[PDB]
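In the block that follows, a single chain appears as structure tokens, in the form solved without N-(1-benzylpiperidin-4-yl)acetamide.
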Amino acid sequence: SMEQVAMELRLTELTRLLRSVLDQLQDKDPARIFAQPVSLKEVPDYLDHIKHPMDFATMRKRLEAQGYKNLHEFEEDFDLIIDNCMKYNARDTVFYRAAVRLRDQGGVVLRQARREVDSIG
């Protein structure tokens, strides 16, 4: 139907906006601490600690399959990246501190993305 196509065009446009959001967020992680999934070879107990692992590469795979229906879903995955790190790692670590900086900096980007997603429908 024409209605399905129009909905598909909206999903595509959301996907374009989320790709730019994702790039902006990932630049707030210049150390690349959150680039890839935590390695189960190198942290074999990780899944005993963290039930829903997340990382920027996994988000990128989901994005390119147009797997985010709305900004809320995308933000959920971004929040898992931060929140998982802040539970697994102690306060005095380079990892925790990187998460805090990503959170604080990403907040700015997400504040305006929310306005763009509402604004452009």
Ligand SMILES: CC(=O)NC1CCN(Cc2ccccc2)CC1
The other form holds:
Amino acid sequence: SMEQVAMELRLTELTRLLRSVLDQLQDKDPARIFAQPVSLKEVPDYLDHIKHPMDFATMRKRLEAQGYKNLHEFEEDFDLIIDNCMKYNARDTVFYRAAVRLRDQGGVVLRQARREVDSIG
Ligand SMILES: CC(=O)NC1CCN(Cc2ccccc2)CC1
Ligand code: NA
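For comparison with the form solved without N-(1-benzylpiperidin-4-yl)acetamide, provide the form deposited with N-(1-benzylpiperidin-4-yl)acetamide bound.
Expanding to the full complex; the earlier chain stays at the top.
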């Protein structure tokens, strides 16, 4: 239908907007601590600790299959990345601190992205 096509045009342009947002987000992770899923080879008990793993590679796969229907969903996964890290790793570690910095630098990007999503509808 025309209705379905228009629906998919918005989804596509959402996806274009999210791909940008996701790049700005990785750019704030120069150490690439969150680029890839935590290796179960190197940390074999990880899933005993973290129930829902997330990372940028995984988010990017979902994104390219247009699996993000709105910004709430995308933010949910981004927060998973941060919250998992600040749980699994202790306060005085390089990993925890990298997450706190991503959280803070990221929040700016998501503050404006939320406005662009509303207005562009
Ligand atoms: C995003 C995130 O939580 N990263 C974690 C992955 C595990 N490393 C520690 C590590 C490295 C190598 C071997 C055994 C443990 C850093 C913390
Ligand atoms: Na902890």
